[PDB]
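The complex is shown incomplete by one protein chain, all other protein chains being positioned as in the whole.
The chains carry the letters A, B, C, D and E, assigned in the order they are written, with residues numbered from 1 in each.
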Amino acid sequence: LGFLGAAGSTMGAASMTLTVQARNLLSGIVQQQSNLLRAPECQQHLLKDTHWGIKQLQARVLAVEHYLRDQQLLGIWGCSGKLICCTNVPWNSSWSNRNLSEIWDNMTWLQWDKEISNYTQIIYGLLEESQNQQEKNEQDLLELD
Amino acid sequence: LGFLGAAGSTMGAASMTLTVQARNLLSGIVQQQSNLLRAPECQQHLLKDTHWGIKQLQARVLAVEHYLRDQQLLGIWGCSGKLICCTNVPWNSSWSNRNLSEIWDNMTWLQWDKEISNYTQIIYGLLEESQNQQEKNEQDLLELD
Amino acid sequence: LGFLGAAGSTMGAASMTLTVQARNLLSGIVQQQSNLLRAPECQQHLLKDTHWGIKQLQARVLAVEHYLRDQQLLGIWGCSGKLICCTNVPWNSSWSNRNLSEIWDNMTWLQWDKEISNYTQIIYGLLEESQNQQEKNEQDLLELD
Amino acid sequence: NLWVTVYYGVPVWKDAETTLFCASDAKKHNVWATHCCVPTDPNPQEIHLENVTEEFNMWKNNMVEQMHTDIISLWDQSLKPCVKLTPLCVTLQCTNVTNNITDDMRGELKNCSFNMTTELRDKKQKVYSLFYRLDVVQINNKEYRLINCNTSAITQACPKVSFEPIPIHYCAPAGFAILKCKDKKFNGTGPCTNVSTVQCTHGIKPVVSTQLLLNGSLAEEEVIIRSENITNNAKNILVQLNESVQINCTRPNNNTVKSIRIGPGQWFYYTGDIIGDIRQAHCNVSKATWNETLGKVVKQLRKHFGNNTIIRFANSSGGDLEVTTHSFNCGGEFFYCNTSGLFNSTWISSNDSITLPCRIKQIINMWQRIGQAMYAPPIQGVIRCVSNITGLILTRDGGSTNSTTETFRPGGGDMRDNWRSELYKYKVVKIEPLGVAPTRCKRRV
Amino acid sequence: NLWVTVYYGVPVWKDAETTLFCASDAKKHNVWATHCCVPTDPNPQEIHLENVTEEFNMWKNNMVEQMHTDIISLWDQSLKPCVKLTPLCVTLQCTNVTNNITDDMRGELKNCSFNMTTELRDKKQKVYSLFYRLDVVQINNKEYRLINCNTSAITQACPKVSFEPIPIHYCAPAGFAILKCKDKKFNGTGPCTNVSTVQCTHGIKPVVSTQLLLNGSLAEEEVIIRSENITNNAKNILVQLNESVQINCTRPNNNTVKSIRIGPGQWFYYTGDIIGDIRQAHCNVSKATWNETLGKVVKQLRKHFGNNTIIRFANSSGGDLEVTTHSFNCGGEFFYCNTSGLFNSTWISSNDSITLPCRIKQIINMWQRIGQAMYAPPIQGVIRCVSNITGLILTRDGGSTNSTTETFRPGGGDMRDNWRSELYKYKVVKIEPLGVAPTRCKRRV
Partner (left out) sequence: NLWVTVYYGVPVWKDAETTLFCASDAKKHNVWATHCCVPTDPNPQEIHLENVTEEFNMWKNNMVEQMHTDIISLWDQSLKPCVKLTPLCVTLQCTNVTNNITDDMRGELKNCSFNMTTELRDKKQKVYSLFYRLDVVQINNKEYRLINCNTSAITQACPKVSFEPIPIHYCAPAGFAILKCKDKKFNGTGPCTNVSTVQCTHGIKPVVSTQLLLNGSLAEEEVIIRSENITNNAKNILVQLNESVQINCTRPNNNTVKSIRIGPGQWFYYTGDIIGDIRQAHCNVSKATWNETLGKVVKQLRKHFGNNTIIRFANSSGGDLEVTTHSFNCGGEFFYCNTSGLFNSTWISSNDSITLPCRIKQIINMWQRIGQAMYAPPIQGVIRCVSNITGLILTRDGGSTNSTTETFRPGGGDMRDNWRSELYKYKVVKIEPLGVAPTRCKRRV
């Protein structure tokens, strides 16, 4: 469907394009930098114009930092290798008590993010604790055997 | 306990805060950058003052590089998804012949790092080789089946 | 054998040095930066000379971006934790119909890359789709159980 | 029995402010050919977003602020390596230019002489030159000085550098996307239902003007009147026309340009003399096109101010030329046109072109800043340019007593309005790929 | 049967040198209000480290060097866009200011006139102004020049920019942490057992002085004497008081400031004349507070030099004003006070304030560098400021023959000492989250 082609799709259907969205950040970084590297005069511009050169580095550094921040969160939650991962944290009806079929078949991800936008930090804290406990349990199983 | 809250704790207890410490680097990067982004005059300062703008980028780039270096080491040792991982490299009494219970119940990580500070590069080389051998063995098992 | 020590080796033998090559990028980044950090006058140079300071940051940022791009590709293909990984994408004789034993025992990786240099983007697209399908299948197995 | 499932690569976003890339269409010495050095895509292919509604607000659009900052920065950089003209802050001996001069030009142009520096510190040269009166003021065969000498340094714009605007495309950095509104009736704010995502905007020429909006895009179907607040007389109204009005501008005097060294490679340009007679600079529009254009504007103003009320047009209320006249760059020359010839009508329930006399200035205080002033070198020969009026900046006087008659004037002058009128359809958002949702799935324990 | 287990997120660290963020407490034109643009946290919450002992060393603390570098850099930047005063390197015709002048001011202030530039190159103006003798030297109704003209360019500090120090907090970048020592008796080196971790230091005002340490923090409980080496007479002793001493400084002369253009927007400020009589600038402390303060210092010096030995105080040994006097910035004015009135006593086994006469200078060689000099514009009116002495920089003369009498003098002048005295409690460390340990666990094969 293309980048954000699934934005108006319902969540269920939209999940089949997670790869499209996931790659867009670093792919875009290397292609944009390539267009810049392919123009020797533009490279001269990066040094000739101090402010422009700084603005470009700032933008690139920030883009990398955001990529990594999200990757670390997946890492600490035990989802580093997955686009889709299930965890051991139960869903709270206080975050949302909406019917599961509406959530996946009628709603889009944009609507959904709004639906639960004030619980993000709660869920993330819970995911962190759950994974921490799980890893300790795994070590105990290995010491036991 | 907070960031480094466990620094004076013994190693055993301290391991339960590995998540606290692990997240501090990238979390701090995005929050500090946010405070900078939220101050338009400060953004103007980044370009108006060439040296300040360079110092800030240098600090951010370096912080990212250290994050990644450590992540790669975990990667090559087969610990990319873990805060705690056991490996196939035996412990050498020549690095430390101290009692295991003192190490985990009485000593802190600061003390411990000093105890074995001259063997770090040895252990890391051994971990690298062990993982390399393991992955080849795994491929051989798949070709066999 | 050292960095690129295996470059003239055949592919089979060469695979035993994947760790050597894999670490060279970030290891080199931190050691080069260390040599720079260890020279206070050189640090003064980074700010005194605007163009030099920008060139150095540009080089470091680019090196990081390339590291990450490759890591993400391994991530989306389900190979984030491996130097060697097998997938569910069959090999096409249209890319290469050369004998497997020549490929691993006589040819070097340099020769091989040339042999299949025009199919890289095909293979990568196939790997992406295969992993996407696999992850959905895994979720379906968990919902089923 | 719902559990948290984490998804990465989720197609969602948030409003955001970032730095956009400036990219040209791959004009050898044009300042815009350079700088926006990263080339655009040959096909910046657009992706339509089916069933996506999003809210746009042109008066909160930070893309405008970025363009404004970049326009200023680029100009300051382009003048950085050029010859300073501070040696010109000398007393001048001036008289009236005497030639076959029309009535409207009497005293308009002055004939001045002065002692200028040369490449050697021990030598001076006598320079004879012509200046427009707007650039020269009295000190007390009379004593004059350049107008800028009591305020700021004057520098010469390099004659080899073109500032002719060419289309500029702004492109999002990776991690960001630009949402484009295709609603033909979009008035600058609120939800838009026909939205596509692009990596780059279309090209916008960075054309600068103060009253009439020149060389922009046209509206489809009808004239669109966009303002932050209709009833707020403190706000500007940006009117986007659905048809263009052609303007033919001239600087009828055939100028001879002289060039001297005033220092070591420091070349200075000035008007030496004028060939032929002296005529006033001016701009023409047909009366019919102009009158039809206003009739269309009025029909649309009436939807906001009443279709049984009276709309009249009047000229500028006051201020300096940079405020009261229509200013534009014509081939490097700077024109200040009297638009009272256009905004003179009352609307109620054989071209005879309107001729606007224009003044010319060489010392330009760009962006209305107090600081370094620019000297526009003279142009050899006769200048002609033709521009398209694609819009107007109007202000309502307000002060209304509900008399049923409202007055609009060619106000404005805020340069950001010139870009807001083109960038109104674009929004920048940050991509937020990570999120969670409930499902009947638990991690295997 | 122990195996290697790798742990990530280990709470350990190493000594490190990095770049800290400068952050203000969110003074419109103050140079310190700006620059340190990232705001501090409303609550830079501290985390105490239970059972952690760490070694601190204030004389090896690289936070001092960073502050020093940043102080210099900021000042050089703030003067960058200001008017240069190189047109003032002209011969001056000077006589003695003649008015109701007290004895201590005879010949102190000179009345000079000169030909100054104007906005036009063809015109000069006569300027009449007053200068302090310290800024003016003879060339041979006598011929004088400004003191800096044979060494470096002089530039005017912008009158609109305040340099008044405000508290500055330094914050660690992510990946680093600041360890704070709370040991009330900490002497600058060695282990500290009450240690907390913070992301930001408390605010330190970047106050500059040469002898008395002004507007710093006070010690708790007792006066603390800190020196790199007690018996090394080549080292400075930083004395931190546990009580403050108030100093009342004045510039009693009511000055009238004149301002002229010396070029295109180049405004220059100078003292035109003085209203009222002429008096010498001075600073007051009560005698009792000063004498009690020294008695406390002596009790503590005796723990290092013997409680049966004699401690005497004496004035500066020699050098320029920047070396021998107590220098400080009072509302933008620069004072050089004679502290011999303070350091005059021998300690063995009704305020009558001590008045220190002070000299004033307008040409300042900041940081004792040879290079661009700063011109401090005059201040209109009468200047008053009140400062707190929070410490002293003392040096022991040494050269001792074990006579049992030691002499201390108000030496120092090394600007880094002014900050070392506040940053002594902080250390910067790098976080090192990756490490290994033995355990009875093997990877499943």
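Heads up, the rule we're going with is that contacts are C-beta pairs under 8 Å (C-beta built on N, C-alpha and C of every residue); 3 or more make two chains touch, one makes a residue touch a chain.
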**Prompt:** Given the contact definition stated above, which residue among E:45, E:51, E:91 or E:344 touches the chain not shown here?
**Reply:** E:91
**Asked** Hey, which of E:148, E:211, E:266 or E:390 is the one touching the hidden chain?
**Response** E:148
**Hidden partner chain, residues of chain B it touches** = 139, 142-143, 145
**Message:** Contact with the hidden chain only, please: which chain D residues?
**Reply:** 119-123, 261, 264-265
**Message:** Contact with the hidden chain only, please: which chain C residues?
**Reply:** 1-9, 11, 14-15, 17-22, 24-29, 31-32, 35-36, 39, 41-42, 45, 49, 51-52, 55-56, 58-60, 62-63, 66-67, 70, 73-74, 77-79, 82-91, 96, 100, 103-104, 108-110, 112-113, 116, 120, 123, 126-127
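In this section, only the chains that are shown with their structure count from here on.
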**Asked** Among the remaining chains, which ones contact both chain C and chain D?
**Response** A
**Prompt:** Distance from the CA centroid of chain B to that of chain C, rounded to the nearest Å?
**Reply:** 22
**Request:** Using mean C-alpha positions as chain centres, tell me how far chain A is from chain D in Å, no decimals.
**Result:** 41
**Asked** When you check chain E against every other chain, which residues touch at least two of them?
**Response** 5, 439-443
**Message:** Counting only residues that touch at least two other chains, what does the list for chain A look like?
**Reply:** 15, 18-19, 22, 26-27, 29, 50-51, 54-55, 57-58, 60-62, 64, 66-68, 78, 80-84, 86, 139, 142
